[PDB]
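Number of protein chains: 2
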Amino acid sequence: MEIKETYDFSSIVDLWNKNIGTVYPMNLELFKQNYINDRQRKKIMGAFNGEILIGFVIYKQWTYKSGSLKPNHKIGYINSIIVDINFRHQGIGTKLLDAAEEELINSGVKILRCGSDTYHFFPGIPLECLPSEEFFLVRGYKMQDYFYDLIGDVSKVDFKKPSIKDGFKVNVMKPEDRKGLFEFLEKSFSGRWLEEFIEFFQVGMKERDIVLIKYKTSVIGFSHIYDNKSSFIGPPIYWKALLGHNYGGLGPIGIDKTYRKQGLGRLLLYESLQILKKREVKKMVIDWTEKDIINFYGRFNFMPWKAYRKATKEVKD
Amino acid sequence: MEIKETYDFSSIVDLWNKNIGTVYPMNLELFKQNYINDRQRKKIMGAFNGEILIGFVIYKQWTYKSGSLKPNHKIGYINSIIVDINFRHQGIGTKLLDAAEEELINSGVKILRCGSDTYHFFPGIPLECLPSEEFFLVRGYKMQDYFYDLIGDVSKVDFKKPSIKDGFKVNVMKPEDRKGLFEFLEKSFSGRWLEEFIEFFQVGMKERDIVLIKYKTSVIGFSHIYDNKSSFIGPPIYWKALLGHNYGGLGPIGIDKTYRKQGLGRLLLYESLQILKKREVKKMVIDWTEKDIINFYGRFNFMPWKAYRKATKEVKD
Ligand SMILES: CC(=O)SCCNC(=O)CCNC(=O)[C@H](O)C(C)(C)COP(=O)(O)OP(=O)(O)OC[C@H]1O[C@@H](n2cnc3c(N)ncnc32)[C@H](O)[C@@H]1OP(=O)(O)O
Ligand SMILES: CC(=O)SCCNC(=O)CCNC(=O)[C@H](O)C(C)(C)COP(=O)(O)OP(=O)(O)OC[C@H]1O[C@@H](n2cnc3c(N)ncnc32)[C@H](O)[C@@H]1OP(=O)(O)O
Ligand SMILES: O=S(=O)(O)CCCN1CCN(CCO)CC1
Ligand SMILES: O=S(=O)(O)CCCN1CCN(CCO)CC1
Ligand SMILES: CC(=O)N[C@@H]1[C@@H](O)[C@H](O)[C@@H](CO)O[C@H]1O
Ligand SMILES: CC(=O)N[C@@H]1[C@@H](O)[C@H](O)[C@@H](CO)O[C@H]1O
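For the record, the sequence lines run as chains E and H.
If you use the working numbering, the first sequence closes out at 319, no skipped numbers anywhere.
If you use the working numbering, the second sequence closes out at 319, no skipped numbers anywhere.
Keep in mind that the hints were calculated from the coordinates and are not lab data.
Treat the hints with caution; some may be incorrect.
[As the list claims (entries may be wrong)] Here are a few chain H residues that face chain E, going by a calculated C-beta distance under 10 Å:
{"#": "1", "residue": "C131"}
{"#": "2", "residue": "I296"}
{"#": "3", "residue": "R301"}
{"#": "4", "residue": "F302"}
[To be verified] Straight line, CA to CA, 30 Å or less: simulated DSBU-like cross-link-like pairs of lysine-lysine:
{"#": "5", "chain 1": "H", "residue 1": "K20", "chain 2": "E", "residue 2": "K280"}
{"#": "6", "chain 1": "E", "residue 1": "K293", "chain 2": "H", "residue 2": "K34"}
{"#": "7", "chain 1": "H", "residue 1": "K34", "chain 2": "E", "residue 2": "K284"}
{"#": "8", "chain 1": "E", "residue 1": "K162", "chain 2": "H", "residue 2": "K97"}
{"#": "9", "chain 1": "E", "residue 1": "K158", "chain 2": "H", "residue 2": "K97"}
{"#": "10", "chain 1": "H", "residue 1": "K144", "chain 2": "E", "residue 2": "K312"}
{"#": "11", "chain 1": "E", "residue 1": "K318", "chain 2": "E", "residue 2": "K263"}
{"#": "12", "chain 1": "E", "residue 1": "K158", "chain 2": "H", "residue 2": "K158"}
{"#": "13", "chain 1": "H", "residue 1": "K284", "chain 2": "E", "residue 2": "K34"}
{"#": "14", "chain 1": "H", "residue 1": "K20", "chain 2": "E", "residue 2": "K279"}
{"#": "15", "chain 1": "H", "residue 1": "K144", "chain 2": "E", "residue 2": "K144"}
{"#": "16", "chain 1": "H", "residue 1": "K163", "chain 2": "E", "residue 2": "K20"}
{"#": "17", "chain 1": "E", "residue 1": "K144", "chain 2": "H", "residue 2": "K293"}
{"#": "18", "chain 1": "H", "residue 1": "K312", "chain 2": "E", "residue 2": "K312"}
{"#": "19", "chain 1": "H", "residue 1": "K293", "chain 2": "E", "residue 2": "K312"}
{"#": "20", "chain 1": "H", "residue 1": "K158", "chain 2": "E", "residue 2": "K6"}
{"#": "21", "chain 1": "H", "residue 1": "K293", "chain 2": "E", "residue 2": "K97"}
{"#": "22", "chain 1": "H", "residue 1": "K279", "chain 2": "E", "residue 2": "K20"}
{"#": "23", "chain 1": "H", "residue 1": "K97", "chain 2": "E", "residue 2": "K163"}
{"#": "24", "chain 1": "H", "residue 1": "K158", "chain 2": "E", "residue 2": "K45"}
{"#": "25", "chain 1": "E", "residue 1": "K97", "chain 2": "H", "residue 2": "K163"}
Virtual Cβ for every residue (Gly too), placed ideally from N, Cα, C.
When you get a sec, could you build the whole thing from the sequences and use the hints?
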């Protein structure tokens, strides 16, 4: 058995699907999109029996800015690790993660996170991979709180328009709105979401995918929406194979702090969903939510669908 | 708004699907199977706006034996409660559960359980219904541990036959095995599983659905298996709409205590799965498992799919 780098994406994807594809169906388009476009220091290590891939780990170090947030080389990520089902409990996962962690640690990492990376597949350890929590515990990862993807079928329900407030309007973005959108994100959401806007527009996101809420002429909020015409495969539609025909998704969604708790997020969400409904969307996902916000979406008939556990290892000095 | 009994199953099923059907798709066949065949004291209460059903609760008291286990009138169950999405936070769920609980309490109930009933839909409060945990907490239910349904696609993986032990053979049940199966269940699994065998054979379970493990001529274990030819819709295939073509399922599965921790459960599981694989089963479910046993099935490529929280209210004296 040898551990070495591999970029045989077809082999990786086939191993992914055989092992966890029932609940996380992967396609090469998504895999290559997210791996190749990532700007961080990154690597894929495989375990091989001769020519045959039997396991892999994908790992990264935070070396590229996220919007106004400078990179922190102390942070590393385990994007994904899978050992083939016919080769478990032979120490292969330990060998792959030892290789990954040692490389990270030598390059300055002090905090190792499970998922949650840029161009992630997972916000954290999936509930479907609950048994892996013990694997990570043995290595010194600590298990923390949960995040949830939510699912709803917007074709099935009609909602009341929230009572509008004068001056506030919600519309799909136009090209001429970009300046104002970026000024808004620099003020209000200047970290990962700013970076995501910059990056996703480079990899095929279009104005039709963004909804803006304005007070007079000023952008005060946004949402990202997805349907089966989106070119960029973002997190809400990673798992679109599970979602049937006319899938869709929403997220992120944000309102300027000084405008919060006035009904404007509800208005933004309502209008965004109406856009998707009119686009003939059926099942759709809201990704990577915290427990305390679920009921905001639950009012629109969304339910927790997938759960992920945050987990972090502090490198011993 | 009025609360009264309703047995308009089509209306109930339509409300179920509109509200939670994305993740718990209900069909009338299953609904009627499980409601009508249940032997406990049972009722369905609906909330109505005139002729229109806007919510329901299904509830039961333990009044009929489970195998050798006598009924305990102190135990009541909330089988399911759903308020329509357009009528939430108006007190309707409180009114339905107040009606149910008061009836139960007057008839002697001291312990109220969320799900886990005979002919249940849910082992406990589904993770997809996590927000309802707060609804039940306000009423004095306490949240306990979790159970999991597991999912696997048996068409995708080949396993090694476990090393057989002489004298032990695994085969689909024949009609002439029934006596020995029931003597075995009376000795080893004489509660709910015994009752389920008795009842499920009345409602369409067939010998082809049962696998037996024998030591010489003596039954020492069994499993229940399901495919798209099963007549009885048991828990592993409740949610078969999510499972695609050639769905299946397994559970329960049990070995005589004195024969445990010798490899025989693994052998039983392997052979049961080989039966399903040869029947051309693809995605299949193992229902209502405890965390400590997941890895037993995980070796065969099964992963947690759905999670449910046990919850119980102790009636204040
Ligand atoms: C950020 C993320 O990627 S989260 C998703 C993680 N990946 C998955 O869950 C995919 C499915 N699972 C797998 O691919 C594997 O089970 C892995 C990668 C978790 C572990 O790979 P393996 O090669 O089997 O692990 P390895 O043999 O090195 O395990 C070492 C120790 O970890 C612990 N461990 C590993 N798997 C488990 C498990 N399922 N349950 C409990 N402990 C375990 C044990 O202590 C084990 O030692 P043991 O064999 O003496 O019991
Ligand atoms: C055994 C089982 O059936 S488990 C599955 C339970 N059912 C579901 O989850 C289906 C989907 N949900 C529903 O149908 C509803 O949300 C129900 C049945 C849980 C509650 O119905 P409602 O009519 O909205 O509840 P009702 O208005 O009586 O709620 C009373 C109090 O419960 C608490 N509560 C109810 N819903 C929630 C929620 N989503 N989050 C937090 N607390 C809540 C609140 O304290 C609420 O008072 P409030 O309105 O002042 O905040
Ligand atoms: O772009 S910003 O980093 O300034 C704003 C980030 C806000 N959210 C990031 C991801 N989480 C995940 C949980 O929903 C919530 C907060
Ligand atoms: O039929 S018996 O009641 O004697 C045996 C019951 C055994 N199991 C019942 C249901 N649970 C649920 C968790 O898997 C496990 C124990
Ligand atoms: C509902 C929501 O806003 N969720 C977003 C998610 O869409 C996004 O993929 C992630 C990472 O940027 O940040 C979460 O907070
Ligand atoms: C894997 C397993 O045995 N799970 C069974 C389940 O199949 C059955 O529906 C339930 C209620 O009898 O009891 C569980 O213990």
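(message) Quick check on the hint: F302 of chain H CB to chain E CB, less than 10 Å?
(response) holds, 8 Å
(request) Decide if the proposed pair is consistent with the structure: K34 of chain H and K284 of chain E, CA atoms, cutoff 30 Å inclusive. (result) holds, 28 Å
(request) Below or equal to 30 Å on CA atoms is what counts here, so check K144 of chain H against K312 of chain E. (result) holds, 25 Å
(request) Return the status of the interface hint for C131 of chain H: holds when the least beta-carbon distance to chain E is below 10 Å, violated otherwise. (result) With a minimum Cβ separation of about 7 Å from chain E (threshold 10 Å), the hint on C131 of chain H holds.
(message) Against the 30 Å threshold, does the CA-CA distance of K20 of chain H and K279 of chain E hold or violate the hint?
(response) holds, 16 Å
(request) Decide if the proposed pair is consistent with the structure: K293 of chain H and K97 of chain E, CA atoms, cutoff 30 Å inclusive. (result) Judged against 30 Å, a Cα distance of about 26 Å means the pair holds.
(message) Can you confirm whether the C-alpha distance between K318 of chain E and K263 of chain E stays at or below 30 Å?
(response) Roughly 42 Å separates the two Cα atoms, so the pair is violated.
(request) For the pair we were handed, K158 of chain E and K158 of chain H, check the Cα-Cα distance against 30 Å. (result) Outside the cut-off at roughly 34 Å; violated.
(message) Next pair to validate is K312 of chain H with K312 of chain E; report whether the Cα-Cα distance is within 30 Å.
(response) holds, 23 Å
(request) Verify the proposed pairing of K162 of chain E with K97 of chain H, using a straight-line Cα cut of 30 Å. (result) This hinted pair holds, its Cα atoms lying about 24 Å apart.
(request) Decide if the proposed pair is consistent with the structure: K144 of chain H and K144 of chain E, CA atoms, cutoff 30 Å inclusive. (result) It holds: about 26 Å lies between the C-alpha atoms, which stays within 30 Å.
(message) Would the hint linking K163 of chain H and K20 of chain E be met if the CA-CA limit is 30 Å?
(response) Holds, at about 19 Å.
Hint compliance for this structure: hints 6, 11 and 12 are broken, all remaining hints hold.
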